[PDB]
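Use these hints to put chain E onto chain I, whose structure you have.
Each chain, letter by letter, is given below.
There are 2 protein chains.
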Amino acid sequence: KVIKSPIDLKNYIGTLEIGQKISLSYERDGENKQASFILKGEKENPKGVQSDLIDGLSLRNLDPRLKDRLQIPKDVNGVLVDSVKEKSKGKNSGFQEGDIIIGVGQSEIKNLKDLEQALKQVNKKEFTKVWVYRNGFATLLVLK
Amino acid sequence: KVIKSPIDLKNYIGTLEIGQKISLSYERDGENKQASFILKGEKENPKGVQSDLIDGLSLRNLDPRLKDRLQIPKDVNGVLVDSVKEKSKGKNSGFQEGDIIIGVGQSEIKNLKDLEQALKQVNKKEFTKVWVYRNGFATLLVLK
Numbered sequence: 328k329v330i331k332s333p334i335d336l337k338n339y340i341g342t343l344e345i346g347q348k349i350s351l352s353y354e355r356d357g358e359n360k361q362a363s364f365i366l367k368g369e370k371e372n373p374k375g376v377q378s379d380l381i382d383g384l385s386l387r388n389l390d391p392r393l394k395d396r397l398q399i400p401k402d403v404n405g406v407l408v409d410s411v412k413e414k415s416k417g418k419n420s421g422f423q424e425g426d427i428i429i430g431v432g433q434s435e436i437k438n439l440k441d442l443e444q445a446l447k448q449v450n451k452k453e454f455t456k457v458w459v460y461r462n463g464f465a466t467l468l469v470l471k
Numbered sequence: 328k329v330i331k332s333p334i335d336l337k338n339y340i341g342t343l344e345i346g347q348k349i350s351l352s353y354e355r356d357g358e359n360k361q362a363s364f365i366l367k368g369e370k371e372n373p374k375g376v377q378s379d380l381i382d383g384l385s386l387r388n389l390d391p392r393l394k395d396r397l398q399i400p401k402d403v404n405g406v407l408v409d410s411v412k413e414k415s416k417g418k419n420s421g422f423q424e425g426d427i428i429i430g431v432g433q434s435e436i437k438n439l440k441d442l443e444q445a446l447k448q449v450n451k452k453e454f455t456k457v458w459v460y461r462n463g464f465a466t467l468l469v470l471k
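Residue numbers (the entry's author numbering), protein chains in the order written: chain I, 328 to 471; chain E, 328 to 471.
Hint data in this document are derived by calculation from the structure and do not stem from the laboratory. Wrong hints could be hidden among the right ones.
[To be verified] Calculated pairs, PhoX-like style, for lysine-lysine (alpha carbon to alpha carbon, straight line, at most 20 angstroms):
| no. | chain 1 | residue 1 | chain 2 | residue 2 |
| --- | --- | --- | --- | --- |
| 1 | E | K471 | E | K414 |
| 2 | I | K370 | E | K437 |
| 3 | I | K374 | E | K394 |
| 4 | I | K348 | E | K394 |
| 5 | I | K452 | I | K331 |
| 6 | E | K394 | I | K367 |
| 7 | E | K447 | E | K418 |
| 8 | I | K370 | E | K401 |
| 9 | I | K447 | I | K437 |
| 10 | I | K451 | I | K337 |
| 11 | I | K437 | I | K456 |
| 12 | I | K416 | I | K452 |
| 13 | I | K437 | I | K401 |
| 14 | E | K440 | E | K456 |
| 15 | I | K440 | I | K456 |
| 16 | I | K447 | I | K416 |
| 17 | I | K414 | I | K452 |
| 18 | I | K370 | E | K394 |
In isolation and in its complexed conformation, chain I is listed as follows:
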């Protein structure tokens, strides 16, 4: 059975019974693999690993020991950028070292907890509207 859309695998599994191994095929960036997948339901999974917009990103919580802006936490709590690996959709799209993420997709974060909650939704997006505080100003970016 051939898959292009969510309802395709979904109903395709409505027609398959448990515990038989499917040797299904799947791609990533620009290469296909074939591997072997037991049918396991929702009641049936131990767990696991992901990334996308967090691939080779070193980031951490903050209240930074810099100047000057403004006295409210509201516009500084978020997450600091140590490093950005070039392949990541950030550096496709002008994300850089020394930035501070204040929000992801028009919505604001206080920390790695809020970052990772939004960063878990980014492969549900074709791009993201991030806001990153630089040395002086927050720029809006368009990450692809």
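The following block gives chain E in isolation, referenced to the frame of chain I:
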């Protein structure tokens, strides 16, 4: 002073003074003992040991790794039974290894706290109505 009820002990303490040592008799199962007790208030107690129907049971928390039942945590949050001691009140009563306590005294449990909390009331219960899911199904017991 001879004891058969709690209003024997309670009202005997109503008629006994502080700090003295009291060489009381007590029994277990089929063996009486004497040891000596300091009169120690409610406002007076340094901590101890509490077994009965938990006595040496090996039970831990679950969402288990098998099928099938239902699509809700409500019947499957609980605790799961690695072993059951022969000397204990479960094996007098039809309880076994491979079981899963979902409820105790017609009240349901989510983990080891709600187990222990209710197996802290079984010496208040002439018998217990526990409910034990097994490999496929869940059975009321008469824990004597």
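Now the hints, each set against the structure:
{"no.": "1", "hint": "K471(E) - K414(E)", "in the structure": "12 angstroms, holds"}
{"no.": "2", "hint": "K370(I) - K437(E)", "in the structure": "17 angstroms, holds"}
{"no.": "3", "hint": "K374(I) - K394(E)", "in the structure": "18 angstroms, holds"}
{"no.": "4", "hint": "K348(I) - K394(E)", "in the structure": "17 angstroms, holds"}
{"no.": "5", "hint": "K452(I) - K331(I)", "in the structure": "17 angstroms, holds"}
{"no.": "6", "hint": "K394(E) - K367(I)", "in the structure": "10 angstroms, holds"}
{"no.": "7", "hint": "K447(E) - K418(E)", "in the structure": "19 angstroms, holds"}
{"no.": "8", "hint": "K370(I) - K401(E)", "in the structure": "14 angstroms, holds"}
{"no.": "9", "hint": "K447(I) - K437(I)", "in the structure": "16 angstroms, holds"}
{"no.": "10", "hint": "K451(I) - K337(I)", "in the structure": "17 angstroms, holds"}
{"no.": "11", "hint": "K437(I) - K456(I)", "in the structure": "17 angstroms, holds"}
{"no.": "12", "hint": "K416(I) - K452(I)", "in the structure": "12 angstroms, holds"}
{"no.": "13", "hint": "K437(I) - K401(I)", "in the structure": "8 angstroms, holds"}
{"no.": "14", "hint": "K440(E) - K456(E)", "in the structure": "18 angstroms, holds"}
{"no.": "15", "hint": "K440(I) - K456(I)", "in the structure": "18 angstroms, holds"}
{"no.": "16", "hint": "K447(I) - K416(I)", "in the structure": "14 angstroms, holds"}
{"no.": "17", "hint": "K414(I) - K452(I)", "in the structure": "18 angstroms, holds"}
{"no.": "18", "hint": "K370(I) - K394(E)", "in the structure": "7 angstroms, holds"}
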